[PDB]
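Encoded as structure tokens, the following chain is the form deposited in one PDB entry, with no partner shown.
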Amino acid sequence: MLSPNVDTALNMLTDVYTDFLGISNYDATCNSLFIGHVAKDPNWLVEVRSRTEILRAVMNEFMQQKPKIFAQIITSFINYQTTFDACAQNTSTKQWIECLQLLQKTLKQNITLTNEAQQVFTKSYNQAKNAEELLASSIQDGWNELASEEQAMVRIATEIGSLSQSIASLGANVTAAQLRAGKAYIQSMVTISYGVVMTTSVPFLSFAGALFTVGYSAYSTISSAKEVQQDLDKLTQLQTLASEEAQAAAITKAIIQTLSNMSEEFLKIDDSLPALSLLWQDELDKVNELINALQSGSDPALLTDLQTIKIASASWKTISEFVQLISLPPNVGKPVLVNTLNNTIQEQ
């Protein structure tokens, strides 16, 4: 069997796709991030605005490799099935070896370019972790000079984090049985726009992120979610007990706190990509053992991996068809703005 376990293979394809999606919008979250000014506009805030400008720029290196690496792993399974069908036909023993080492070269290329793809993410993880700690340290200075309102500020930062996590629960989980069955996902950008109030309202921060829905619209699931409306209303109450700076201090801490948790989804790549590289690796171990057996003079008939090649190519066709589905660009739903200084939920 010159093919992997199609069930175990398609899960590892989904796990590197899942870890791509959860990462591919950490960029979009970073570009969408906006930070305006407060009343006095103290030092830590001017400092925070600057360090988000470099957080956006720190990720610009990986941001332009994400579509390259993804298409590189998509095409690695599609092209491999193409050259594999060339060798499943039957017929000289010399011809089998010439065909096998064509796979052996392509296999070697695929495992190499996979392990190099894993190092690009490991660098952008530490880069994202670096620019985060700068923001974390920078807001922390604003916290300490506003310590008389710590309890008031912990509640505001905890509510913004609760609001963000309840909108995250409405999102569909991307699995293998879903994608193999042809079910199409919908990616919609959810802008949450915070602000700082004082008898009125003033806009301030606004960051965005993707929500995955299976069949309904993103607006439908959010406006009809009651947990979202209970976090939205609780926040309005909390942002009236704290001063102008304390609100901005509490808001920014929670945006960073979600960025930190968002970035920790990078670490799952350090388990999914190597498992994908291992998929090619012990697949190369199969074609190596067959070449050695042919070169040593074994009758090609008595090599079971060679007889059962028609069932092997049929399994590669299933894997190639699974990769052609996740390669399609996701359906773009209508974006929805969750405006927290108005308790309003529109759809743009």
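The term rigid core refers to the most C-alpha atoms you can superpose between the two forms while keeping them within 1.5 Å. Positions refer to the first chain, counted from 1. Compared with the form deposited in another entry:
- No residue in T106, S206, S272, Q187 other than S272 shows a CA shift of 2 angstroms or more between these two forms after fitting the rigid core.
- A displacement of less than 2 angstroms separates the C-alpha positions of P335 between these two forms, with the rigid core held in common.
- For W143, the Cα coordinates differ by under 2 angstroms between these two forms after the core has been superposed.
- Put the two forms on the same core and the Cα of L303 is off by 2 Å or more between these two forms.
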The other form holds:
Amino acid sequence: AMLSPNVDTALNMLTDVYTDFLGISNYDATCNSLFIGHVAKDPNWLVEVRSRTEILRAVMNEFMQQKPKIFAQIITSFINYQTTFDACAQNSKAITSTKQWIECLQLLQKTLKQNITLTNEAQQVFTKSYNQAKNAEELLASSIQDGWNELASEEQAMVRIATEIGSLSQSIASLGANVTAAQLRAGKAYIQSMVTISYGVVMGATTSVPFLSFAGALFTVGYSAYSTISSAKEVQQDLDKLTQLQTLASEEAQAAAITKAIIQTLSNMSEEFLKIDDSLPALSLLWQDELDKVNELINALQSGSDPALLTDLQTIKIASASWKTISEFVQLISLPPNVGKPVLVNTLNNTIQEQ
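What about the form deposited in another entry, after the form deposited in one PDB entry?
So it's only the chain below, everything else dropped.
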């Protein structure tokens, strides 16, 4: 236990930070790109969904108003500590008085308390937005449930259409790249492209018309998003079975099934990126661990322990290398990601690029 965290541990946690904040931004983009058409006077349940999705849109836009500041603070926290820590580490043990060691280590103490405070405050932003999103998603679930209850005759047809839509989304998501610290460190470049699925519905069993459009981000390496989506057999298979399943249902029941599947996807991504993949709690405990070790060392040298026998000080120049490696990483993930050309998936069964 040096004055440093385990490096592999810290990088994987920073990778989670970097995928989570990317996920939040893309989720926000998904919320603000959601489009629902008309032709066919809106049923009551769709009037309700339009309003309640708008609330969810507002909740995530409010969070985005703070996300840049929150992300910047995380990056700065690691840049500031490594710089301060590197200044301590240079102290040649030969000519560095114990009073000097105490001084520079107390500057570490000051920064760590800063870092802990700003991390906890950011975590409160997450919990505020998470609870807001959950309440909004509960209103969405009620509306679509009431809509399905107005169509009990077609309930099992709607369940099948919704399931295939969830499967189709999963089949595309399963083509995404695995983002790890090892691969970011090794220079791998991840491409972030938005994939729009345009869900049509059949009118009077005769003509397909647009109903809803929904976009989400897909990460690839090397090849574009279109290259792998257009090449996946599972995707085209899911598209063909969805078309046949939509022939068993009213235009309105088709719409209610699409809407329920999209509501479920929105709810899972908020649960994912605003709570489960929220790594701020683990970030605070990292700083806390370091404060405990620095205060123990400060207490030790103040109270008369012999400095050259305290292992935290014997290894200070190795902990500095760890912090440098960590700071090199946060600067890497601070870059703008690479945006690829978007992909359109239309449920008249075609895959287009640049669209």
